[PDB]
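J.: Using the sequences plus the hints, can you model the full thing?
Residues per chain, in single letters:
Number of protein chains: 6
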Amino acid sequence: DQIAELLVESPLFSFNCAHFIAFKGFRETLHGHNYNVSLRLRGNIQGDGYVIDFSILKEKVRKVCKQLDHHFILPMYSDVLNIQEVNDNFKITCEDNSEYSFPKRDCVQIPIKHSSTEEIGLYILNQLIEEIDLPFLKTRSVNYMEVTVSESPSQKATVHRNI
Amino acid sequence: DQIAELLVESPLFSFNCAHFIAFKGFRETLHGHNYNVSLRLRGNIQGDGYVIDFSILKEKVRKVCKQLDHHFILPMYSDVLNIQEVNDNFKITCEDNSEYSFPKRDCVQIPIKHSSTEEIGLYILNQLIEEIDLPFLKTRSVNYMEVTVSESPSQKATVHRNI
Amino acid sequence: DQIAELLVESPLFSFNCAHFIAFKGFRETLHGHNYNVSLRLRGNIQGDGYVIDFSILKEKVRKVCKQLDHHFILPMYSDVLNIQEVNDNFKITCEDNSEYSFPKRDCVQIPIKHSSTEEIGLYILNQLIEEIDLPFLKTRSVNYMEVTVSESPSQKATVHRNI
Amino acid sequence: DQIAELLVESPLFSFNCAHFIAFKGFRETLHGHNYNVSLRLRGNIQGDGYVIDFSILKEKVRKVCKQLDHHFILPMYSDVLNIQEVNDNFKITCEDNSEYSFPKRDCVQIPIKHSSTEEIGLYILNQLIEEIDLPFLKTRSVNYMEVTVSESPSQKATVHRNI
Amino acid sequence: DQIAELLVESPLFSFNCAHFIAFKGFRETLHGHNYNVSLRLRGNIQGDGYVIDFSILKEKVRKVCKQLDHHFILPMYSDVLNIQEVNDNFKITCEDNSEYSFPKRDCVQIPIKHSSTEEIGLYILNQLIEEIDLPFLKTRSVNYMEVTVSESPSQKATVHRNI
Amino acid sequence: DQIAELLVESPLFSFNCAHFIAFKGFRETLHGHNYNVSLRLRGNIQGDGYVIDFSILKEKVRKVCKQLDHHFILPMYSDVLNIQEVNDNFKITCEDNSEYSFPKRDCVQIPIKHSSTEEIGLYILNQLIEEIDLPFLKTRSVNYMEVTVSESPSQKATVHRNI
Ligand SMILES: C[C@@H](O)[C@@H](O)c1cnc2nc(N)[nH]c(=O)c2n1
Ligand SMILES: C[C@@H](O)[C@@H](O)c1cnc2nc(N)[nH]c(=O)c2n1
Ligand SMILES: C[C@@H](O)[C@@H](O)c1cnc2nc(N)[nH]c(=O)c2n1
Ligand SMILES: C[C@@H](O)[C@@H](O)c1cnc2nc(N)[nH]c(=O)c2n1
Ligand SMILES: C[C@@H](O)[C@@H](O)c1cnc2nc(N)[nH]c(=O)c2n1
Ligand SMILES: C[C@@H](O)[C@@H](O)c1cnc2nc(N)[nH]c(=O)c2n1
Ligand SMILES: [Zn+2]
Ligand SMILES: [Zn+2]
Ligand SMILES: [Zn+2]
Ligand SMILES: [Zn+2]
Ligand SMILES: [Zn+2]
Ligand SMILES: [Zn+2]
Numbered sequence: 112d113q114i115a116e117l118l119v120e121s122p123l124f125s126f127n128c129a130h131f132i133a134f135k136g137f138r139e140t141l142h143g144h145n146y147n148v149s150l151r152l153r154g155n156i157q158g159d160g161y162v163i164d165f166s167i168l169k170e171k172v173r174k175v176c177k178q179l180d181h182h183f184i185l186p187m188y189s190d191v192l193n194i195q196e197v198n199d200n201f202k203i204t205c206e207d208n209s210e211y212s213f214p215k216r217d218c219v220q221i222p223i224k225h226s227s228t229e230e231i232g233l234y235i236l237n238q239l240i241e242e243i244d245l246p247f248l249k250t251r252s253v254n255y256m257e258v259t260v261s262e263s264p265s266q267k268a269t270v271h272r273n274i
Numbered sequence: 112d113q114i115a116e117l118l119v120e121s122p123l124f125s126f127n128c129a130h131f132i133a134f135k136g137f138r139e140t141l142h143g144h145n146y147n148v149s150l151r152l153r154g155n156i157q158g159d160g161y162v163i164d165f166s167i168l169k170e171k172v173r174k175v176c177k178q179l180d181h182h183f184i185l186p187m188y189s190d191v192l193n194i195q196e197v198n199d200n201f202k203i204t205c206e207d208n209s210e211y212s213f214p215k216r217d218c219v220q221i222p223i224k225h226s227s228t229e230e231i232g233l234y235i236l237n238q239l240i241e242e243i244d245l246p247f248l249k250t251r252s253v254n255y256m257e258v259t260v261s262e263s264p265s266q267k268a269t270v271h272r273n274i
Numbered sequence: 112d113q114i115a116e117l118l119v120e121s122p123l124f125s126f127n128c129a130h131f132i133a134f135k136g137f138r139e140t141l142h143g144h145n146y147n148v149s150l151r152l153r154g155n156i157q158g159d160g161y162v163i164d165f166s167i168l169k170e171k172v173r174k175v176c177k178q179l180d181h182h183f184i185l186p187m188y189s190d191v192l193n194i195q196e197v198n199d200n201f202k203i204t205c206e207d208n209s210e211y212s213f214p215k216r217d218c219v220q221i222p223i224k225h226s227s228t229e230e231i232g233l234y235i236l237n238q239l240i241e242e243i244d245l246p247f248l249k250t251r252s253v254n255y256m257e258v259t260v261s262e263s264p265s266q267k268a269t270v271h272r273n274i
Numbered sequence: 112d113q114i115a116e117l118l119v120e121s122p123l124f125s126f127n128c129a130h131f132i133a134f135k136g137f138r139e140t141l142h143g144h145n146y147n148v149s150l151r152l153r154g155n156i157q158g159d160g161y162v163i164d165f166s167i168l169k170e171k172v173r174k175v176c177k178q179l180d181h182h183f184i185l186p187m188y189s190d191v192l193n194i195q196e197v198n199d200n201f202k203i204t205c206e207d208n209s210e211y212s213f214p215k216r217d218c219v220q221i222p223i224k225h226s227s228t229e230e231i232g233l234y235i236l237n238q239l240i241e242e243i244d245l246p247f248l249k250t251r252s253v254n255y256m257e258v259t260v261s262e263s264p265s266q267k268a269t270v271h272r273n274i
Numbered sequence: 112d113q114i115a116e117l118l119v120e121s122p123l124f125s126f127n128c129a130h131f132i133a134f135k136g137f138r139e140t141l142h143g144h145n146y147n148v149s150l151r152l153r154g155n156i157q158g159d160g161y162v163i164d165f166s167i168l169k170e171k172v173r174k175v176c177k178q179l180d181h182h183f184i185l186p187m188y189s190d191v192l193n194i195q196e197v198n199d200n201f202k203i204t205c206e207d208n209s210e211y212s213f214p215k216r217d218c219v220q221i222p223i224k225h226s227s228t229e230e231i232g233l234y235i236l237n238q239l240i241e242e243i244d245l246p247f248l249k250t251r252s253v254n255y256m257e258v259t260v261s262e263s264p265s266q267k268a269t270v271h272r273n274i
Numbered sequence: 112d113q114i115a116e117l118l119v120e121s122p123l124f125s126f127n128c129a130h131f132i133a134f135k136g137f138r139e140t141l142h143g144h145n146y147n148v149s150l151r152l153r154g155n156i157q158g159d160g161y162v163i164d165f166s167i168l169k170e171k172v173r174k175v176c177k178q179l180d181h182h183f184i185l186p187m188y189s190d191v192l193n194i195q196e197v198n199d200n201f202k203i204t205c206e207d208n209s210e211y212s213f214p215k216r217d218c219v220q221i222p223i224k225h226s227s228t229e230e231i232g233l234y235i236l237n238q239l240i241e242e243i244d245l246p247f248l249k250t251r252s253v254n255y256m257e258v259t260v261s262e263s264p265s266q267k268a269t270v271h272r273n274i
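Protein chains in written order, with my numbering: chain A, 112 to 274; chain B, 112 to 274; chain C, 112 to 274; chain D, 112 to 274; chain E, 112 to 274; chain F, 112 to 274.
Given that identical chains are not distinguished, each listed pair holds provided it fits within a single copy or across any two copies.
Straight-line alpha carbon distances no greater than 30 Å define the calculated DSSO-like cross-link-like pairs of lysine-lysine that follow:
1. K135 / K249
2. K169 / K135
3. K177 / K202
4. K215 / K171
5. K171 / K224
6. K177 / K224
Hint data in this document are derived by calculation from the structure and do not stem from the laboratory.
T.: Here you go:
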């Protein structure tokens with residue numbers, strides 16, 4: 112069997128979001144990014160000529176990005192943010208006592224500690240594997256999944272999982 | 112005299128910002144972009160071989176972008192936003208009664224009606240001409256200034272002024 | 112009123128097609144390209160902050176490209192091609208007596224003389240104006256439409272219409 | 112000895128071709144792509160300062176691409192295509208009884224089962240190693256060869272060989 | 112007749128050169144650039160489907176770039192450089208009394224005052240028109256020629272001629 | 112602990128330099144390039160959400176590039192170049208008896224044998240590790256450093272060190 116690595120990258124695999132980094136002793140001002148996701152896979156070329164169909168890969172990456180797109184990225188497990196539910200809003204109080212308030216529908220609650228490129232990358236990798244389906248990947252002989260998330264065309268973070 | 116057109120474009124000429132479009136009957140959720148600015152000018156090639164030194168152009172575009180960078184873009188002259196000053200915060204109330212609250216230092220107050228690519232473009236064009244200095248441009252025989260602002264690698268707006 | 116130029120460009124605005132150039136005294140072999148379309152327009156910034164919404168522009172360009180995508184581009188008005196209908200196929204006979212046969216559903220019949228980048232550009236410009244709707248463009252104060260079609264990242268053709 | 116990885120990538124390393132994917136239970140319509148090839152090598156930096164001269168790498172990749180360029184990619188070992196020689200043409204009959212006919216000179220017969228990016232990649236890798244010459248690579252201490260073939264700027268396949 | 116604008120741009124249209132800017136009161140240190148040339152032309156679409164064949168445009172731009180490629184760019188008409196012929200070398204003495212010496216074959220003597228992007232652009236425009244041939248351009252109904260030279264991906268100069 | 116790979120790449124991480132390759136039996140003419148450096152790191156995501164802050168990486172790469180920028184790259188340990196100190200100049204005599212002379216301030220003396228992309232890459236990797244500081248990288252759990260240097264957008268060399 113011949114091993115091949117597949118890469119799917121497009122300006123279409125994007126989520127335009129607001130966020131700010133906060134950790135112990137540090138907080139930055141509210142801003143945003145055009146985030147971009149590329150997916151890399153390793154496996155054997157199957158009897159149909161594909162390792163796995165690009166169209167399937169393109170479809171699932173678009174779906175994960177869409178869920179994030181056009182929202183403030185709110186880290187659920189942050190140890191430095193006080194996240195309060197006030198009416199139909201999320202109220203965020205920081206260590207330096209600075210206060211934010213956004214409508215809940217404007218926010219996407221993500222099970223992460225920091226809205227860093229590294230942690231958003233891990234979240235997307237976990238979501239993509241469930242979206243494409245793990246046993247479906249194994250039927251296509253895929254044994255390696257890798258996502259690259261860019262905060263900007265200059266700053267990229269890459270995470271992987273051996274499956 | 113020989114006419115030449117100069118273009119300065121770089122991922123460095125960027126401002127990573129949060130915003131949302133609001134006008135009559137329409138409001139979108141809070142998100143963000145990696146905005147990018149390119150500058151185009153027309154003039155005669157001077158006795159020093161330049162129309163105008165690229166280093167000067169690169170310096171001033173960076174300065175204008177820096178002022179916007181890492182902030183929520185707040186349109187001062189919006190007819191559909193209620194902008195209240197509450198302590199050290201800006202409180203924004205929309206037509207649909209949705210409420211936002213950001214620290215003042217997280218916001219950049221821009222004399223525009225909408226945080227659209229078109230209007231941000233006009234603002235930057237006006238700021239760049241004052242930053243480079245109008246009579247300084249005329250000594251270099253520059254008679255045309257043009258800025259292109261991109262909200263994303265896919266969406267661009269271009270404005271100009273004949274000087 | 113402030114004049115602004117809008118540009119929409121994406122690898123998404125693509126049609127992957129087969130074709131060959133044929134004119135008097137010249138014929139090339141069957142091949143293909145990843146064609147790409149960018150749209151440029153000029154108008155005044157309206158009271159909503161837009162010249163025209165990017166989402167509308169992105170939607171219509173995708174629709175025009177989709178109609179062409181994944182087909183052999185067949186020039187209807189070619190003076191050097193003999194196009195015969197044989198069962199459910201198009202049979203193409205060239206000046207040098209070379210013969211092609213494709214299923215009809217594999218072909219897209221385009222009202223052009225040559226499948227050149229220039230002529231495909233004109234066709235798309237005409238189709239896009241009808242797709243976006245001419246009187247709709249005039250309500251947005253758009254007076255200039257321009258399409259750029261690339262045969263390759265290296266070879267581009269640009270056509271326009273004053274509206 | 113210091114290990115270095117060399118990459119050669121250019122829009123020049125291209126073959127503009129027609130093709131369609133066909134396997135068991137699936138057939139797509141005739142279309143085309145601007146295919147692009149990049150080559151990656153690993154080895155030790157030699158006494159002349161190079162692992163291997165870029166000019167040699169650039170020359171051989173161009174030669175392999177040229178052989179494919181401007182043709183319909185015809186898979187020789189397809190289990191779902193009936194390839195008939197009719198006069199100076201190749202007649203291709205599919206499982207769904209759809210019929211194609213191209214002049215032989217318009218086709219490039221490649222020892223593959225499917226004209227997929229994965230299989231075209233493997234073919235090019237095999238051809239490039241023979242073109243650069245295997246024992247010539249070993250004299251330059253090259254122990255790893257890797258080709259990346261893109262069907263589009265969005266879809267890439269990568270294969271390698273340890274030498 | 113339908114007007115179309117043709118653009119040819121490639122990393123292939125390059126000349127990798129050494130140079131330094133010198134004018135009255137200013138001199139910079141010796142360095143180099145990967146210069147890149149793109150050509151833009153306007154004309155009517157001819158009866159063969161082309162305004163002008165891209166292959167002809169690609170061939171002539173490559174020829175002009177090749178003449179410059181791999182040399183020190185020496186401005187012949189500089190008012191601040193003392194250019195002496197010493198044996199098989201060019202000896203260059205600057206205003207600040209700094210001395211350079213290169214073999215003559217390493218230098219390309221260009222009829223310009225400064226090795227600026229603007230002036231190199233003008234030279235290439237003049238050379239390209241003569242290389243493609245002026246009356247040949249008029250037979251193809253070309254009435255506009257435009258070259259863009261980039262010193263870097265960030266700094267570009269564009270010049271034109273109405274023909 | 113979760114392993115993440117960080118990539119920092121920008122047209123800003125550049126050094127525009129003059130050079131020529133010389134080794135046994137071969138010498139090329141003086142020319143130049145827009146060199147570009149990208150940095151790749153592997154480590155665990157720390158309690159602050161970062162493997163290592165991008166801003167620190169961006170700052171140090173800029174500093175190393177700046178030291179090289181706007182100079183002739185002079186290889187100190189070349190076995191085929193006779194490097195003489197004449198007044199305030201470096202005089203370079205080659206095997207074929209060709210002579211160069213540059214002011215010392217125009218040259219950057221680099222502890223390498225050839226000004227190849229491979230060897231410049233190794234030098235930068237060594238300089239970057241000392242600039243970021245080795246024990247500082249170990250506190251951030253970084254165990255892999257990798258630099259990619261491009262002579263042109265087409266030609267790249269990549270070197271690494273396991274730390
Ligand atoms: C400056 C802005 O990009 C900020 O959000 C920032 C700064 N440094 C960073 N550093 C890393 N490693 N990851 C990030 O997401 C990151 N993010
Ligand atoms: C610094 C110098 O070598 C180079 O970067 C530079 C700077 N400014 C410039 N400015 C103009 N107008 N043209 C140039 O070629 C130019 N070139
Ligand atoms: C959806 C919105 O946030 C953004 O994608 C968008 C959409 N359409 C737009 N349309 C115009 N004209 N200008 C914009 O800035 C713009 N911006
Ligand atoms: C849609 C078009 O690209 C089609 O030819 C296609 C679809 N899916 C694919 N999927 C893979 N993995 N490789 C291909 O070459 C490929 N090719
Ligand atoms: C060779 C041919 O298939 C293609 O590369 C080509 C070459 N020259 C061209 N020239 C023009 N003007 N338009 C084209 O579409 C064109 N297209
Ligand atoms: C042609 C020009 O790039 C020349 O300096 C050159 C040629 N071949 C090369 N080959 C390698 N491997 N590395 C180089 O830096 C290199 N450099
Ligand atoms: Zn950020
Ligand atoms: Zn937006
Ligand atoms: Zn073609
Ligand atoms: Zn395809
Ligand atoms: Zn320079
Ligand atoms: Zn070189």
